[PDB]
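J.: Here are the chains, one letter per residue:
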Amino acid sequence: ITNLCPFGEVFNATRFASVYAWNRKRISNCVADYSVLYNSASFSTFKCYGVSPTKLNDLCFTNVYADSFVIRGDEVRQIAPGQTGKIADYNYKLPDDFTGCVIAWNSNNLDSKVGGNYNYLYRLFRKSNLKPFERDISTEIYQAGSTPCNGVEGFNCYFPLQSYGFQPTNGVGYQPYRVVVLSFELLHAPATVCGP
Amino acid sequence: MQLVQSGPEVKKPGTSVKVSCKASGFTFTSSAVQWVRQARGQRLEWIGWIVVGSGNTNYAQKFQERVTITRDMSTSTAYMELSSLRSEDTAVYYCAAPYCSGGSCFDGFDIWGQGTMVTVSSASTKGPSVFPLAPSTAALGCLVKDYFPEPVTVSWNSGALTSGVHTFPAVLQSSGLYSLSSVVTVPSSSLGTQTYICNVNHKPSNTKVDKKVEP
Amino acid sequence: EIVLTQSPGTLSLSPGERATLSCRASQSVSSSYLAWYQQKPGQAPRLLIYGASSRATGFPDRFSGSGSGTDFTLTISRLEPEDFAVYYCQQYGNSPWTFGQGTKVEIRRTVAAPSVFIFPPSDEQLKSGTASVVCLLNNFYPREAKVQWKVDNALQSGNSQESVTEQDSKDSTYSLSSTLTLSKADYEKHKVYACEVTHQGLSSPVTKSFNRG
Ligand SMILES: *[C@@H]1O[C@H](CO)[C@@H](O[C@@H]2O[C@H](CO)[C@@H](O[C@@H]3O[C@H](CO[C@H]4O[C@H](CO)[C@@H](O)[C@H](O)[C@@H]4O)[C@@H](O)[C@H](O[C@H]4O[C@H](CO)[C@@H](O)[C@H](O)[C@@H]4O)[C@@H]3O)[C@H](O)[C@H]2NC(C)=O)[C@H](O)[C@H]1NC(C)=O
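Residue numbers (the entry's author numbering), protein chains in the order written: chain A, 332 to 527; chain H, 2 to 52, 52A, 53 to 82, 82A to 82C, 83 to 100, 100A to 100F, 101 to 127, 135 to 213; chain L, 1 to 27, 27A, 28 to 212.
Bear in mind the hints are in silico, worked out from the structure with no lab data behind them.
Errors might be hidden in some of the hints.
What the hints assert, rightly or not - Computed list of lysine to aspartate or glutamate pairs in DMTMM-like fashion (alpha-carbon distance at most 25 Å, straight line): (1) H:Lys206 <-> L:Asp122; (2) H:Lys210 <-> L:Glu17; (3) H:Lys23 <-> H:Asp72; (4) L:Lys39 <-> H:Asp101; (5) L:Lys126 <-> H:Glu46; (6) H:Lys209 <-> L:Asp170.
Okay, chain A solo, but in the shape it has when bound:
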């Protein structure tokens, strides 16, 4: 008879995470109906290197890590094995030789409306270039000189985060494109998420 784990509620909703405080939902012990995302779908740019989209339902990995992101139109391509840009260098990073799928669908509506939204800020100005799979839920004034400012901003001492100033009247390569990354795992553990 089977069932279906709440995969879609991660995919559809009004308020999606952020660029740096990105949600990462673990999904296990379910029959995730992958047929709904490729066989009958209206999602642009469903290129999800790592496993062939066909017969995805007949191969199953250990645990699901569902992600969620909001990116400008042009900056969607930064999801790649490292590459360049302000994603995967200070934002969430894609590990090298990673195996999992990536989807990016336009969201000009459904909570992307007039006015630079209060949330949806960058994650910028980190002293290091991050490590894969680690999550940045911390905020503090950056270091950009000899003396460390003691908590009061001024010369240098940049605040890391700046808001996305988008709206439903923007261009073509700058409108929001909500991004979902389904991360598999390859390890010595049995596969949990399985089923037709």
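Use these hints to put chains H and L with the ligand onto chain A, whose structure you have.
T.: Using the frame of chain A, we list chains H and L with the ligand on its own:
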């Protein structure tokens, strides 16, 4: 480690203006840029700083209005529009930046430019009205006046006779015109001998005025 | 916020200086958010000491000074005549990031006396631009510079133009000239001009040029 700026712009009394500082030789992705004011024989007034890694800006008490910066991330440049231009804004705008490469960088504003030259005049690039200084143990020279603000140079007929040439700076006139002078002290008591030349060029309105000074 | 007004004005002595300059402050500013630029005639400034606790990457040696908050003092110790230009203090931290008045420097010369001379406009001045007469005093060192006049049968100083130069690196002199511009069309109420320069080392000059007309 270089930073070039655009040519001297010319405007009208209260239309607009925009200046360009190209940043090169240092990582412009995560840095800061500042803009200042200057003049002839005057002080310096800080105008507005640009965190250029991510745009956030303030302005001085006289520059909160009529001014706003422009990011232009690509081409590694910087712009700011000044509106409602006033006559007393004949300024070299300059720009500065810290040497940043990698995420942490030098405090002192060390990377500078050279600036432009904006003159909000009637813009009638009228030809200079120049005249010789007939010598009266003395000196002798040339007179330049009544011309649009323009880079002007003075030769002395040999690449020489620079034995006391005194090229005084440019002073604005009542209507926005410009004037200066170039006087050379005599090599000796050579009053009754030889001929001199007031060789002067003018680059925008191409002319080569040559007046041979003699008593 | 802006009461800095660096105490020194113009100081003049050849190498052999222990001179110091002061950047007084309104409120004691936190150190290492300071700077001390160095403007030059006709160029862009530089950076010497970035916060009264170090020295910049690479620049000529033999001077480095530091101070307190309300008194961010600095010193120079026997620097070459190359470094004789206008300085400019600075502040960071609180917007607006204000600069300072700036300090000026000079050189001793043991001021001498010039040769005075007058330049009459040629006979073309009936149809030329402006009936202006030209004078030039040569090589005054001191800051003070005053010129007066008593033109032939006219008492008004509406228009007068002056031109002065900066330091001369060869001999450390200042030189300015006087070319007064007045009414052109008349050429009849002002003929025998006066153009005088005053100094203790020059006493009372005489300048009654050739009778025009
Ligand atoms: C999260 O948010 C997304 C939005 O991005 C939702 O996606 C939509 O989901 C709904 C419901 O799942 C889809 O609605 C579907 O509409 C069909 C309309 O019928 C068409 O097809 C028939 C032929 O099958 C034609 O004859 C007809 O003219 C129409 O062209 C319904 O028929 C569908 O019902 C199906 O299921 C029932 C129950 O099993 C069957 O009995 C039916 O026969 C039929 O097979 C269905 O209701 C909608 O299309 C989706 N939007 C898309 C694809 O853009 C997600 O559902 C939401 N939730 C989750 C968990 O992801």
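J.: State for each hint whether it applies.
T.: Cross-check of the supplied hints:
For the suggested pair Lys206 (chain H) and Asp122 (chain L), the alpha carbons sit about 24 Å apart, so the restraint of at most 25 Å is met. Among the hinted pairs, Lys210 (chain H) with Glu17 (chain L) is inconsistent with the structure: their alpha-carbon atoms are about 47 Å apart, more than 25 Å. Pair hint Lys23 (chain H) plus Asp72 (chain H) holds up; C-alpha atoms about 11 Å apart against a cutoff of 25 Å. Restraint check for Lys39 (chain L) and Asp101 (chain H): satisfied, since their Cα atoms lie roughly 15 Å apart, inside the 25 Å limit.
Taken as a hint, the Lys126 (chain L) and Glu46 (chain H) pair is broken in the structure, with Cα atoms around 45 Å apart against an allowance of 25 Å. Among the hinted pairs, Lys209 (chain H) with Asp170 (chain L) is inconsistent with the structure: their alpha-carbon atoms are about 30 Å apart, more than 25 Å.
Against the hints set out earlier in the document, violations occur for numbers 2, 5, 6.
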